[PDB]
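Participant: Work out the full structure: start from the sequences and follow the hints.
This is what each chain is made of:
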Amino acid sequence: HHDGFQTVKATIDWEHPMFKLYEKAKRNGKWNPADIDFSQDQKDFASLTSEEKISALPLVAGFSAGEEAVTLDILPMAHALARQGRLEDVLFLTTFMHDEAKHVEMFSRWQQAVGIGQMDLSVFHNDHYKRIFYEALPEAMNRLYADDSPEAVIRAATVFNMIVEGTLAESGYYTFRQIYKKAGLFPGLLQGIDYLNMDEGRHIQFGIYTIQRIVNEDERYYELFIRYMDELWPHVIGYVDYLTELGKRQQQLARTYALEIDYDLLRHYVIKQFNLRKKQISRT
Amino acid sequence: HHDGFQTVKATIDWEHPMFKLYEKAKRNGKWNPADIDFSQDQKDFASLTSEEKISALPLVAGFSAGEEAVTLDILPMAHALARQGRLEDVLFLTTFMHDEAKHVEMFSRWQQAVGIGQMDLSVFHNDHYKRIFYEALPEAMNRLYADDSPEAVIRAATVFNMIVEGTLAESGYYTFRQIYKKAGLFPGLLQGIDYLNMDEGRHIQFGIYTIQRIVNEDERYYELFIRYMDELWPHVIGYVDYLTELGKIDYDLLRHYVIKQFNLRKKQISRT
Ligand SMILES: CCCCCCCCCCCCCCCC(=O)O
Ligand SMILES: CCCCCCCCCCCCCCCC(=O)O
Ligand SMILES: [Fe+3]
Ligand SMILES: [Fe+3]
Ligand SMILES: [Mn+2]
Ligand SMILES: [Mn+2]
Ligand SMILES: [Mn+3]
Ligand SMILES: [Mn+3]
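In order, the protein sequences belong to chains B and P. Those letters in the first sequence? Residues 1 to 284, per our numbering, in order. Those letters in the second sequence? Residues 1001 to 1272, per our numbering, in order.
One thing to keep in mind: the hints can contain errors.
Some but not every residue of chain P turned toward chain B, in silico, with C-beta under 8 Å [claimed, not checked]:
no. : residue
1   : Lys1026
2   : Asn1028
3   : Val1090
Computed list of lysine-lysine pairs in PhoX-like fashion (alpha-carbon distance at most 20 Å, straight line) [said to hold, decoys possible]:
no. : chain 1 : residue 1 : chain 2 : residue 2
4   : B       : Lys9      : P       : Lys1053
5   : B       : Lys30     : P       : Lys1020
6   : B       : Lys43     : B       : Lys30
For the record, the hints were derived by calculation from the structure and aren't laboratory data. Note that beta-carbon positions come from the ideal geometry of N, C-alpha and C, so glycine has one too.
Facilitator: The structure is reproduced here in structure tokens:
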């Protein structure tokens, strides 16, 4: 039951950081995946050899499942904050959810347009990827239906916003640009990547706000955060190593397009992102 | 756990009715409550007598609580459909949820602008309103976390989409236009109502689609729909009567519009 309603007894808290983020989302999130022109992407894909064609799919496979996972797995967070009466957070989470729906749609339209919609891309999820996206992420979010303690909320935000989004998605955006933007390939996809990357900034800021407000109540939670980050790292780097090793074995795309794909710089960016995320949370 | 992902094994079902409605929501859902100019609404409200001021509040009280209730109480429906693998429904429900947030925002911005944000409008919720919005609606949706059976889904969609939205919300939009548009009062608010009414068409289409696809499996479910509609009518009309009595504008025309919406919603569901 509802005991009352905030906007009947009072108003929205207009100065709440999440209401301000919600207003930014409305202003900055108007893009529509249906408006992206993928016609040149289709031509680029068909111009590639079977061997070059496969070079690009592992990354798209990771994103496509990732967007879908987070579309579904953000609902428990919105439920738990709704039950705590955090209306401004809930308002913002509606934009977060609608962003992720558009992200799922974007990568699925690209797959459809380039002619791989019928291909099962699951073969590029190794065991580390599944640990995070098939298991740890849904376990941490679904927990919130029965356990919305600060410990549970920190853990959900950490897996979802600081690892999945703040570490893996950010490094994927960077990787796309280092490879495909340099090569001049897939302009529709990269347009979408740029929209995603802009949306993502708000998603990570929600996670920072959520973790920090819990850490502000009791310093002890800061060490929970750092520990949950470190618990997930081996799967992060285990997925990244797997992508890196696939890429090192399919060098035709880089040759054809004259790219020196520094896979060690990419791996260093993942490590940098991970430690950046850790540092955006303060003990006090 | 996730067994796999539809957009990795395959793609979105591009032809699915709820993917189509999602596409229409993105195209038609761009409005922003923050762009509405409420400055004249403030002047209009200040120029009313104390008695005319309090005449306006009950309806706004009903809407502001109602938008907040549906923003929160749609989440179990999104979860239950997500859990059933209905990805296109979920994509649509993200637009549904973001619409209701903008609706909460619009009425709260209006209360703030005209200077009643500090006032507690709960006094204008009678027992019948609380039965629907404080109790029956969250009960029926929250049930879906543990019981997503066809019977529970039809009950949730009936209470939410056919009664709260299809009967009360539609009637309230009609009421606002009949009273205030003929009076040249609250033009910001009425612009917001026009946007809300456009959004609400899709929300009702979702409810119809949901109830009808469950009825198509078994006609027994048609009779459950009609029964649950009738179960709620006494509270719908109890609330409408309470509002009508406060106003005492052709109030019997409004009252009959509510009955007209109620029967229209029944008719939009086919036994077969
Ligand atoms: C070759 C270097 C590897 C770089 C690492 C790339 C990681 C791929 C990204 C897949 C996960 C995407 C998750 C989306 C999350 C969201 O939208 O919130
Ligand atoms: C005086 C005649 C009475 C007319 C009926 C007025 C009913 C007021 C409406 C309040 C409930 C609004 C529910 C919001 C649901 C939504 O927008 O999805
Ligand atoms: Fe995200
Ligand atoms: Fe609605
Ligand atoms: Mn390993
Ligand atoms: Mn009564
Ligand atoms: Mn995303
Ligand atoms: Mn509404």
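Participant: State the violated hints by number, sorted upward, taking the hints as numbered earlier in the document.
Facilitator: 2 and 6
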